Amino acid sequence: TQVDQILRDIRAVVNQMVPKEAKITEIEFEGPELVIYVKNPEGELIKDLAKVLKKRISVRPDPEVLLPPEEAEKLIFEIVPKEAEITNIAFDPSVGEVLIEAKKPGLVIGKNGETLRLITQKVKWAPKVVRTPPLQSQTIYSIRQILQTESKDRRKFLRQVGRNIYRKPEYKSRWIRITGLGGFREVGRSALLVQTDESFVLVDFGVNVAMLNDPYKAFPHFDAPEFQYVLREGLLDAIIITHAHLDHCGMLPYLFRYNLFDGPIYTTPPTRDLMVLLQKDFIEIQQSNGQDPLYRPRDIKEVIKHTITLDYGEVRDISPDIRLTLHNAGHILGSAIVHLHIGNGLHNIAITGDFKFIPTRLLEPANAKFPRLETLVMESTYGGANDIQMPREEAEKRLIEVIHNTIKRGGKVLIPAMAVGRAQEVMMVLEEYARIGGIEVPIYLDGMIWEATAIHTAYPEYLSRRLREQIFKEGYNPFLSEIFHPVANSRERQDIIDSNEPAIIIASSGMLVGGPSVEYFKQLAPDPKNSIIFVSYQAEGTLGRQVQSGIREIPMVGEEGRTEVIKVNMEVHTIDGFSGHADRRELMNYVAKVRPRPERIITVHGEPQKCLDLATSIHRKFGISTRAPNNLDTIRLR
């Protein structure tokens, strides 16, 4: 590592373009950027010295000239209008920045950007105002508490990452290869290893909850020689998470449990929070089932401490020959398409993760415009030629149809859905339907769906333009609808089931693998008055896919090794018009619209035949080279 020889040349030109009166106390790399500390604020020299050094710079005051938290926290409630209504105020010393939250962020941000600098001087801390979210999230609060109490660790973490990213100047890769450790010709445990002769980055690291009883099918291949080498030698530069779902980020905290990695995890803020929530959710579902969890809160916590967030469009160097950029995937809040600029730029890779290419209630179609692009890795969940989804609006009509029939017949509607994803989407469908007077019976929300929902309201900028304004700007907010009733605990859950009142029940998780939805299913499945509606992809080996297949008698190993058979009499429906996955038509259209036209396309994340079908179809229609690799396949990209 010749990092300090690089830092030496920087400290030379910086101490040549910076006011020597401006007592520079330090210059070092912290995360994906150069930071210059100075005890003397003050502009437009950053814009320069930055484009001169060809690096991302950030000037700040020495952490010493910063008024303590418990102190400057009262000086602020003094220097800002009481009408500004400051709901919360947090600190993040790892960046010397004060996060100020208020219902009326205008009177706190300075009626002329003034009060912003007004308080900035009185405490030296970097102010950042945030409009109070309409719903408070335990997850968000928890992450905030961790970031201000772990300041010591993170500041050290950011120095290590920085010295690592710039272990050498911009390098042109000699070779590039991608290895599927999981998620090739199957849905589950997505894990792809990007390799160059200088770097190693992991894109996604999921688990296959549908196959939890089989460690050989549930986890990415830890037995891959190249991967054991990368971990054991400490060569993994980074991990990039496309989105919050467990089959894309679920094994991430396992890596910390066993101290196999302590580098950076790059992802969008919404993803960092949703991920943390689904991971906590996961290990709790396991314990509530009497199983030993894959990891513990202490590991999920380590994940948070090792995560560096980027918003879409932010280009960042994550190693000597790899620059990252995230783009909207339109799958779920915060979902991204990973774009890796590698070496010379003549062999760039775009990794789709899961994506949607038409608008939905919460999101806009995936980005299809990139700078330079040679290889496109895309999902195939609906890759079969006949995998056309039901039109958005016909699905809505079908849903309403079914709810009416069931609610009349004196029954209940069970809609299994993941905490994040279809839950929110379906909620919007029922909410807009409520506003015209269609919701008579109550709508219960079980399985952390409400907490996830809270996270959405805190990231309006990651929602579609339509819903963005409708949220933060207006006082009215769709999720806040009085039609949704969060299930408080196991007693109420049981009350709900025993009660004779018809109702709509939306509960995690989406494939009946675990969580409240399995309880509802089991106790409601016998009565033919009830209805269960699948609105998401049912993976192979899930109870959900069994029910969906029509199997009317399902065995379930219960407590004390005794198996129990649930008799299925309730109505089984499938409405795929709410899917977060691009359907066959969308996938093919995506390839058509993507620009620049990729020289190669690799199909993944889909049942075997679907991956091949899509790959064959893309080649036949667009004449582009394609391939549906197997796990453990490695493709050299030249």
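Numbering follows the first chain given and starts at 1. Between two forms, the rigid core is the largest collection of C-alphas that superpose within 1.5 Å. Compared with the form deposited in another entry:
No residue of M588, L612, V65, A50 other than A50 has its CA displaced by 2 Å or more between the two forms when the core is superposed.
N15: CA moves 2 Å or more between the two forms after rigid-core fitting.
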Contents of the next structure:
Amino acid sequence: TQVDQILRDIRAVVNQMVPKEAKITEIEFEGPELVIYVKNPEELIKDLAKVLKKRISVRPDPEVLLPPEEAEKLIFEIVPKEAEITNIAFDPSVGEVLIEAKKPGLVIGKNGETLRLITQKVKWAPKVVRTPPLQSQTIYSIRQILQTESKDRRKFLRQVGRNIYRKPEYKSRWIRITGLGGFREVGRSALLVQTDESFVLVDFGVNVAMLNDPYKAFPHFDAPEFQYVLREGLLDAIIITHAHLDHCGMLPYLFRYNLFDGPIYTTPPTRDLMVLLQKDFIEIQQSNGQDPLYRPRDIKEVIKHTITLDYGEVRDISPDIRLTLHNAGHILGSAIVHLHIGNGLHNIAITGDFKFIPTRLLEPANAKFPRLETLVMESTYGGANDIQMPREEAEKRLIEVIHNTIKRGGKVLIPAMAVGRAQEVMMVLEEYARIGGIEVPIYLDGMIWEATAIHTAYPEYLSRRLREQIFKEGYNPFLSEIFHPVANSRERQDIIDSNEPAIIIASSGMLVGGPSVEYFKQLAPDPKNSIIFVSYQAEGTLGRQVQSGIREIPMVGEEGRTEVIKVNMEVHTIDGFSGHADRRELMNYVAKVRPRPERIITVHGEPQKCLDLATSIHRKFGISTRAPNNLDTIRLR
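Provide the structure of the form deposited in another entry, given the form deposited in one PDB entry shown above.
Since only the chain itself is given, any partners or molecules it might have are not part of what comes next.
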């Protein structure tokens, strides 16, 4: 490394554009950003940063700070006690106190004055928030881990920084991308980006549809290049497109075996959401009497290593790679990953899963980038006939099936992952509720409610409409008194036994595990009940099996004896709520993406589909395309 050698030049230009009265105590690197500590308060920053080509954060010296047990009631006083301040956390690792007030306007300073007045008394960065409608165990837990681990996090960030700046901006000699999983297949997405100077992992999923076979369930750990990057400790960073297990599922496995301790970049909502899905994942395994892939301490490590980034925020993550995340419109926090390699040498955009039309919760994926030579895109519906049903026709079909089900005295089972389709279908029923249509109750089972809480904590990540409809008003469609969160194992049993028709939405989305499987098993026989698939059912899942028509499904239970569930209930498939761009959308994304890429690489789709989309794009746009296999490596330059 030669970082402090570089800081020696940074410090020579910083202490050259700011009054010595600022008594600059220290200037170090914290993750991507540069930290300039000073022992005194107070347009300059904007200039300092535009010159240094970095993200600078200037805070008071960590010495002029007050303990969280003394600076708590010291602030609670210097604030108009009207704005109900539900909570008030502490972040000493970055000097910044969080004021989770119910009324932010009366706590920040009616005239932007109670902003600096308050900070003084304790010398902590005053940041106001609006007590979200729902409380999240997950968010609270993360906050707990971050504040009670300030020591490590500080150590970790300083290291990452010395790493990211082990040398000045570099122009790479070559660039290659290798598929470790998720190429010509759905699941276990994992793409390794290489240059002669760096290595970054884009996603690292698992395929729950096949944990039975680790060679089909995990990314290729058996790739020479990947083993070489892990063992030598050369992985600069891991980036996650979105929270689903098939993109971040194996991430904690990495810590369980001490294979990595570098930074993980992702949007805040994805950090919170993935942590949720991971705990949910190991617990479902255990409830099944199976040894879990990892444990809470491992997930605790993920948290401790994650460096969040909001959309549009450009950050240097290595000497020759610059990251920027953009909206993918797939699920809360979903991002298209953009890599600016070299200083104008080459640019890659990895799509992850994306939707290119509006939905209740999100806006179509970003299709504009400053530069874009190579585009890696998903192909879940890459087939030529993979046109999803129009959103409104689906919506109407969903209400239809429910009526023809409630009428004949039955229940409607809607399997869906805690994150994604669940909230989308919720909205559909919630708007339909406000106009008199939701008679029977709607039960949410499987951490779907916990996930819904996280949504309400991130209004800025939802569509502008749903966003304003959140904080600006005292309204919230998620709070709707029409959803009844299934509290425990018992309540679940009651619901099943009861005779009151009802709508049941529960994870997992593919009947691969969790609350959804119990309902399935118990409702299958009765033809009064109905099951509606509103998500892609992957090959190898009990879901696709049921969705395919199989009427007698063998299932292995305890003490090794198999069970044969008799499927009589009605089987319906409504794909119009999909979080995936359909065939038309994918093609249309290519047409609109700008700048037009030199080459497109189709991935994340059944083999035929990746092939089909790739062949189709080339034929219609004349763009160089390819549908690589895992372990294929494409030299981009």
